[PDB]
Each structure stands twice: as C-alpha cells, then as structure tokens.
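Form solved without the named molecule, single chain, as structure tokens, below.
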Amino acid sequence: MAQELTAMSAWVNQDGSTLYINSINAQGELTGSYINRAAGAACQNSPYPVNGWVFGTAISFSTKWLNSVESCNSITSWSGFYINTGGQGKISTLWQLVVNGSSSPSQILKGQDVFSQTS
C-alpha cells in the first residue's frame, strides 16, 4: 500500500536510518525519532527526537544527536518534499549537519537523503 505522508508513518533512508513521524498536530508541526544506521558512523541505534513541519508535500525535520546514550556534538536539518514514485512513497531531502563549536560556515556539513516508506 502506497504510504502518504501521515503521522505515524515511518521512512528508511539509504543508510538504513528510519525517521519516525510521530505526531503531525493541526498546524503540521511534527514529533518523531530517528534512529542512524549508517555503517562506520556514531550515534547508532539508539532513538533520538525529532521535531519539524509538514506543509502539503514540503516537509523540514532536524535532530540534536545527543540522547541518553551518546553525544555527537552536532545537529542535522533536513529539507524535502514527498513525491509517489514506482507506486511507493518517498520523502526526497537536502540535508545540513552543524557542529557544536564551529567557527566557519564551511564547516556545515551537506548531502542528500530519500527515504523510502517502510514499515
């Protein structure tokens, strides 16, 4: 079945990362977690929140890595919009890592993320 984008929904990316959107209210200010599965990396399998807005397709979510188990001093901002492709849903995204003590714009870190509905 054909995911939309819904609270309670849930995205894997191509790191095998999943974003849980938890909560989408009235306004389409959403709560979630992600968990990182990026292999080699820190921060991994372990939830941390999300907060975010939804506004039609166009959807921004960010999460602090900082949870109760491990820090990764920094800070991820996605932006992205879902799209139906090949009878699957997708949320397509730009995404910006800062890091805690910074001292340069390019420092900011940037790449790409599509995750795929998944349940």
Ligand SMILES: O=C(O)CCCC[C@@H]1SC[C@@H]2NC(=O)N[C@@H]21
The other form holds:
There are 2 protein chains.
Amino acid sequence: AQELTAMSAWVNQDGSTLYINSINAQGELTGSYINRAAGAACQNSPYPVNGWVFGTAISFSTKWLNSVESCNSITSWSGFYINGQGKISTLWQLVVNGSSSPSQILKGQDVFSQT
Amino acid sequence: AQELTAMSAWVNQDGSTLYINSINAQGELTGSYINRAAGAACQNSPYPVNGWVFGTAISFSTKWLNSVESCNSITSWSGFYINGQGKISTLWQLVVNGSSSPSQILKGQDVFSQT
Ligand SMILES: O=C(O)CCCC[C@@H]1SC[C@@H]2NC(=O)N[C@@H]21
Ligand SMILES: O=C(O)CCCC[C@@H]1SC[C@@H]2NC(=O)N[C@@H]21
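Which structure goes with the form deposited with the named molecule bound, now that we have seen the form solved without the named molecule?
Up next: the whole complex, starting with the chain shown before.
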C-alpha cells in the first residue's frame, strides 16, 4: 500500500490528482493539485498545495490561481488515510472571494486512491 | 477596519486567536493559533498555521502538536473577510489521527473579529 509519503500521488473519484511533494519532520506538507472533475473550472494545470499530516490525519488546501487560470477561490480538504490499497477519505470546503455568507461555501466529499 | 494583512490578530466568539504572521505575494499565509475555547484541549499555547488568502477568501489550518500538548488532530478553517470592523466568518473541520469515517470529522462555525 502507498502511504502518506513525500512524492506520493493520489487520485480522486473525479480523476483529480493530489501530489504530495514533501512532508517535513513536523508534518508540514507541500504539494500540488491538478483538478480534472468533469465540467469544473481550473482544470488540467498545477495549483500549489500546503497542509499538515498527523499520523493518518491529513489536511491540504489550494488557492486556485496560477499562470493559466484563476477561479478566485480556495479549497480545503480534511481527511484521513486508510488501507492492500492506500486511500485518503476527505471532506472539502470551497470558499470564493467576495462571499457574504457561510452558506456560500461549497462542501463535498472526495476519496483519493494511491497511484 | 483591520484587513487581511501580515501581523494581524483576530479573535473568535470563544476567545481563540488567529495571528497572521505573513501573506506573501502569491497569497500564501503563515501564522499561529492559540485556542481558548471553554473546555477544549490544546489551550493556551501557540500552534503553527499555514493557508492561503485570495482577496477576501481565506483558508488556514493548524496541526495540534507543540512542545506543550498534542491533540493528535488537525483543524482547517475556510472563510471570508467582511467589514467599520473587520471580521472573518468561517466554517471549520477537525480531523483526528486514526479516524475510520468522514462522519468522525467534527464541523463547526467560528466568527473572528479584528483586535
Ligand atoms: O471552481 C473553483 O472554484 C475551482 C475548482 C474547484 C474544483 C473542486 S475542489 C473540490 C473538488 N475536488 C476536485 O478534485 N475538484 C473539485
Ligand atoms: O480538540 C482538539 O482536537 C484540538 C483543539 C481544537 C479546538 C477547536 S478548532 C475549531 C474550534 N475553534 C476554536 O478556536 N477552537 C475549536
């Protein structure tokens, strides 16, 4: 099973990839995200990711701005690792610049499998 | 009104403080969090924070490990800035190491005011 390690790649049910680049001694995470969810904006280019790992708990977040496309928004995922196949089961929140109410924060669920 | 700037402090309804230390040119955030919610664990000591800012959108997350106390968990906040008083209205998710179901991810709402 792939575990939560530096240079690990994870794909969700919609085909999006999280790449974890580094996890430091304190568990701080860097990486990048490529969105491929059918019909979504900001697809097919890398967006920087930061976050934390604590054992099997993981959080990661991306700002949807790069040289290719801006979605004026930020997603945060909270989740946990489960295993002979590694997966990360998450809940996510997406907040958009210019929001007026927490009711406008989109929520969903993503399950990522090792690759 | 205090706005989303480096070296800004924000207090929620439960008395916890977010301190934003830096926001870089790309909007990546560093800071620290001190929890003071009545009855909570990991109170009264600083926990490192990372995250993103995009205009008025903000995400930030902390791993609850420091030299004083470990809570084996990570919180992520997603929210937005509103204003003559600055506030950040957020939804948060708390995930614990060793979780087996997304139903175990605690959710809540925090509203932070400038100080
Ligand atoms: O629409 C936006 O504001 C930017 C793209 C958001 C894509 C989201 S993030 C949560 C979910 N998981 C994915 O892999 N894609 C969508
Ligand atoms: O119990 C834990 O696992 C660690 C402390 C969690 C404190 C939470 S984070 C969400 C909410 N906002 C606060 O200021 N404190 C609680």
